[PDB]
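Novice: For reference, the chains in residue letters:
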Amino acid sequence: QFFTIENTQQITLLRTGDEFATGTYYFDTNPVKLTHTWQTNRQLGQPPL
Amino acid sequence: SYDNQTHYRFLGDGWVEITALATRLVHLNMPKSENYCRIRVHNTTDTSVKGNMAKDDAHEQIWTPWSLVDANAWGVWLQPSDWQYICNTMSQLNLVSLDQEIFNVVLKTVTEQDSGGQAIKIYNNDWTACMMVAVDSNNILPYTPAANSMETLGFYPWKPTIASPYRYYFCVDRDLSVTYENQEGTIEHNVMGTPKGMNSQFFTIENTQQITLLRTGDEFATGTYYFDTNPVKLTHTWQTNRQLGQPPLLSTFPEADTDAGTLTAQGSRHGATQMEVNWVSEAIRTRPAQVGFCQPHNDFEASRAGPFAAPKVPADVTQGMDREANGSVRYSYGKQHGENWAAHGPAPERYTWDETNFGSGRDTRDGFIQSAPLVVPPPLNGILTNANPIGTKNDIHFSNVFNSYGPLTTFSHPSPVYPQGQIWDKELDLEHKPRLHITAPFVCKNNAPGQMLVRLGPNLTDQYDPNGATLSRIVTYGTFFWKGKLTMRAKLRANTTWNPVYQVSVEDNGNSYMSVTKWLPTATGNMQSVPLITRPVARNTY
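Protein chains in written order, with PDB author numbering: chain A, 246 to 294; chain A', 46 to 587. A prime marks a further copy of an entry chain.
I should point out that these hints are in silico values taken from the structure, not numbers from a laboratory.
One should not assume that every hint holds.
When the alpha-carbon atoms are kept at most 20 Å apart in a straight line, the in silico PhoX-like pairs for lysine-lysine are as follows [stated by the list, open to error]: (1) A':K380 / A':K563; (2) A':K380 / A':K204; (3) A':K204 / A':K563; (4) A':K153 / A':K77; (5) A':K380 / A:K278; (6) A:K278 / A':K478.
Chain A residues, not near chain A', derived (Cβ > 10 Å throughout) [to be verified]: (7) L259; (8) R260; (9) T261; (10) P293.
Quick list of simulated restraints, FRET-style, between CB atoms [claimed, not checked]: (11) A:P276 / A':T68: 54 to 60 Å; (12) A:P276 / A':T257: 52 to 58 Å; (13) A:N275 / A':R83: 35 to 41 Å; (14) A:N275 / A':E369: 34 to 40 Å.
All C-beta atoms, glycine included, are put in the ideal place defined by N, C-alpha and C.
So that you can see chain A by itself, here it is in the shape it has in the complex:
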């Protein structure tokens, strides 16, 4: 598989006074917790009486 930047994307020429801007990609991901756990198979539920 030999790809080529030229035969895959629409290149855009930018000179001195030019400028480019992308769209606005929207992320579709799952959030990540900002806390740590500690409990283990020993600390799970009703502790011994």
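With the hints as your guide, set chain A' onto chain A.
Specialist: Then chain A', alone, in the frame of chain A:
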């Protein structure tokens, strides 16, 4: 209005709205520890031994002056007979909603008078006194299943019950080394530990829930939690990787009802396998997937908390009687949660439940593994069996360390046990959840039923000084009723076989496991609750 029944509302297409009505008198005493206690527990009496370490009970829980009220146990809602009716007719079940209520709060105080006669105890209620109730609806405080220690509520209606004091775990970082029988040397270090600043979590009923005071003529009622769970089948499978699809073609037909038929030459027989052999056979033929799997036997792992038995998915015990191989469970209840009442000594009755999802279990004896391009009669060093010692140990074979889990590994969800058995269970706040829980059949996909806590109001005396070490408080205790509503959805199975199917029936007074006398009172009124078969009717996996 007291009520403890079970209504079956029939709908169309074979769907039923099962309603559970449970009412029960409760008893509560003054929580001895007027304040939260961060007590530790170390059983050096056993951890010091060389062979002992599987008896490790080291940790550091936190005792709260509150008592939890958990009714998470089938044996408290449904009636023995009812469970039968269900398992014999239904084909699946699922939780719908929950609803709880409290009322008829009675608060009495005791006065041990008569010091000039003997020593009698006088009783008399107090209205001004108050009870305290709150509901962890948001589930802030750690989850504590009462059935996770058989401390739920009574399973017998006409018999009151008490609540199990609330207490949760805390971070400590225990440690213990490995040792066998006698071995040689010392147990290295069996250290306990101190609290870390990153994992320290001390909650307080007061700064987490909106407590509500209830006097004599007061009463409380909860909302109506709606269950969001997945239904569980009420039937058992049997098929194995041998009975999956098109059975081999027959070339020979029996002459009488004695002899059997034959197949086609293994070599000259159509089909497809994953081996390089130029023949076919049931044992090697390709199958849709994997029915059950091999699990490491007695796998004890250890983290900062210490050693523990790695849970294993329950399955069929198989002809090999391999219980601790297919994760069968052994319970230890007592009086309220079953067991005969005429049983002496504190000795708790036990029972080992063997899953009925046949075809998913495994027999270690026959379990083996060949090598390289499969050979018809395997050599000696070209096939490892459950008789070959691993790592210089005679009793340790590949079985006790082999994990056959994988993509094609499909199985059946464990069926619940009538009495004792747990109903639902909160889900772990982990980014990646586990395919299921063994503690209970139903797991709340979203938030779970807020736990209910109770506590008697600290009734003080005339002499009170906060700065004073430990001071008195008028003796008090209370009782109140608890009404619970549990609605569920289920569909009646369909009779499609022909041959009568297995039903959960009882039997005349005999030695049979299903003896009527087992669920009947005695000359004095004693009785027990023996676990009952779930999934009496066979299903069909493929």
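Novice: Now tell me, hint by hint, if it's right for this structure.
Specialist: Here is how each hint holds up against the structure:
1. Among the hinted pairs, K380 (chain A') with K563 (chain A') is consistent with the structure: their alpha-carbon atoms are about 14 Å apart, no more than 20 Å.
2. Simply put, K380 (chain A') and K204 (chain A') have alpha-carbon atoms about 11 Å apart, close enough for the 20 Å limit, and the pair holds.
3. Note on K204 (chain A') and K563 (chain A'): the hinted pairing holds, with a Cα-Cα distance of about 18 Å set against a maximum of 20 Å.
4. Among the hinted pairs, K153 (chain A') with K77 (chain A') is consistent with the structure: their alpha-carbon atoms are about 17 Å apart, no more than 20 Å.
5. With a C-alpha separation of about 44 Å, the suggested pairing of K380 (chain A') with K278 (chain A) is violated against the 20 Å cut-off.
6. At most 20 Å may separate the alpha-carbon atoms for a hinted pair to count; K278 (chain A) and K478 (chain A') meet this at roughly 14 Å.
7. Here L259 (chain A) stays apart from chain A', with its beta-carbon at least about 42 Å from theirs, past the 10 Å limit.
8. With 10 Å as the threshold on Cβ separation, the claim that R260 (chain A) sits away from chain A' holds: the shortest Cβ distance comes to roughly 48 Å.
9. Remark: the non-interface label on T261 (chain A) is consistent with the geometry, its nearest Cβ contact in chain A' lying 49 Å away (cut-off 10 Å).
10. The beta carbon of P293 (chain A) is not kept farther than 10 Å from every beta carbon of chain A', the shortest such distance being approximately 6 Å.
11. Restraint check, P276 (chain A) to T68 (chain A'): a C-beta distance of roughly 43 Å breaks the suggested window 54 to 60 Å.
12. Evaluation of the 52 to 58 Å hint for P276 (chain A) and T257 (chain A') yields a failure: the beta carbon distance comes to about 34 Å.
13. Checked against the hint of 35 to 41 Å, the pair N275 (chain A) and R83 (chain A') passes, with Cβ atoms roughly 36 Å apart.
14. Under the hint 34 to 40 Å, the C-beta atoms of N275 (chain A) and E369 (chain A'), about 38 Å apart, fit the expected range.
Checked against the numbered hints listed earlier, the structure breaks hints 5, 10, 11, 12; every other hint is satisfied.
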